[PDB]
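Single chain ahead, by itself, as structure tokens, in the form deposited without this ligand.
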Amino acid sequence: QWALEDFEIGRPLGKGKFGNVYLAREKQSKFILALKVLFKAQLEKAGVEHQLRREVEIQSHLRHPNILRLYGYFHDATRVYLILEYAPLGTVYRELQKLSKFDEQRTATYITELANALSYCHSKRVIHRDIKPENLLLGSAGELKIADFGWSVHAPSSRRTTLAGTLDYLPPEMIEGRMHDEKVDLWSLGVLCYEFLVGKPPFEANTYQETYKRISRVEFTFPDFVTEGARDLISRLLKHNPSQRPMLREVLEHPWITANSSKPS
């Protein structure tokens, strides 16, 4: 169906491990979109074709306003091209580097938008497993959108792929290679809530080996400026035991969320 020839390419939007993402406009319709470019050689040397297919499968079929759309794909012997919804206000990552810390209202609104999208996902037993600021994008009204379903699967699951980069958002069961479920995304939600308020993730460390130690032991402390209600939500989400983590509904109905979020469930 589609091919490269159908598109005028524009400025580089961002870069990932395999992904190189470009602004693009579709010649006949003038539709603006984002083109994610993957190199087949890199994909094969890493053996992550199954991830690519899972990404295309899962994300093309989901439909939620806080989830980034995927319209289609094509290839051309060197590369694979995913055709995505363009997010005009960039990443949450970028926004956090601009402001250093988010206030409480900004944080709770992001958490609500996140919890809504994740609840939709979990209702299909889809778990994302790679929730972090580089993979959260912003729509034209500033609304949060989850993206990059490269690592998503159906629960329950084990991990058959090597953990490549940062450990900062992964729960103890994932880094210890154990079996896991939905509750992994709840842990990541706690990590995110903390990093939104403090400006760095709660188990951050200088080396891999040490980050690993801080996560399996759940060693984190709060700065003075973190309020009691934020502390309560975060302490509930960062439980070593998955079953002790709240349901998403309890996150959306938590007093601190309801008092600070400007969007509803």
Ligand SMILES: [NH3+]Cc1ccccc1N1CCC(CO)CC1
Contents of the next structure:
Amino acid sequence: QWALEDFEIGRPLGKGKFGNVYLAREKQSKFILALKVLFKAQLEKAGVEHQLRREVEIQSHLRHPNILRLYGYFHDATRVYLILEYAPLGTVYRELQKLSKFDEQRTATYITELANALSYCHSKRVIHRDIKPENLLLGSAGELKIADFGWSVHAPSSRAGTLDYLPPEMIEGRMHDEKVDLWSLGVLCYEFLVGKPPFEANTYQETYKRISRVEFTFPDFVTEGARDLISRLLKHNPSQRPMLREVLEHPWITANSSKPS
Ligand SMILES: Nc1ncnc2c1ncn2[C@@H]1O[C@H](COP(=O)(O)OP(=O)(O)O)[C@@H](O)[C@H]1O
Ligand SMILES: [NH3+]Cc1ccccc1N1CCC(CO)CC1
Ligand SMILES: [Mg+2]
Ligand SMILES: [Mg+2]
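Cool, the form deposited without this ligand is there; where's the form solved in complex with this ligand?
Now the complete complex, all chains and molecules, led by this one.
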């Protein structure tokens, strides 16, 4: 049904590995949306057809205020097009670059919105596996929305870029489950408060070392409550990481967040 002819294309919203994402408006309805463009030659070369299929099937069926909607797709012999909800206030990544660090209230609020969306995902046994600031978008009221389900799957499971958000079991090629998303949640909470992720390093090889050893320290300004939560999430043993419910009910979260479970 849908074809390129049905849309007017506007400015670039962002660039991805395969993805090149544009603002667009549907001609008959004037509906404003985002069009994620992937080149088939690059998809075929990388051999990532299967995860593109996953992205469409999993994201199109999820329904949650804190998850970005996917409406449909089409393709045209050189390109695939994913039709997405437009997020008008951009990425959390850009916001972090602008402010350098978030305060505790802004951080706890984002963590609550994230944990709500992840709780909904895990109840359907969907694990996201690529939670990071460039994949977190902001709606018209500044609410957080998880996007980019290009690495998502069903659990249990086995398995090019940054190691910074991945847990030890995943970077060691081992087996993993839902608890990978709780680790990434810990990494994010730290990066929000401090301005850089806790295992950041100059080379791949050494980042790998800091992650497998769980080697991180806190700057003085990080408070006791934040330290307690982050320390609970960044556990080497997956089974020792908390349930999302315990994250949403953590004293530091409840004291500082401006949104409910
Ligand atoms: N719906 C959207 N609204 C606004 N900006 C978006 C939207 N989707 C993607 N972007 C921008 O484009 C970038 C790449 O999108 P993404 O779907 O994450 O591609 P990739 O799978 O290649 O990472 C994002 O980091 C963001 O800057
Ligand atoms: N049919 C489009 C296409 C072209 C080239 C490579 C992969 C793909 N898909 C990804 C999306 C899938 C949704 O069903 C269909 C297969
Ligand atoms: Mg992305
Ligand atoms: Mg992707």
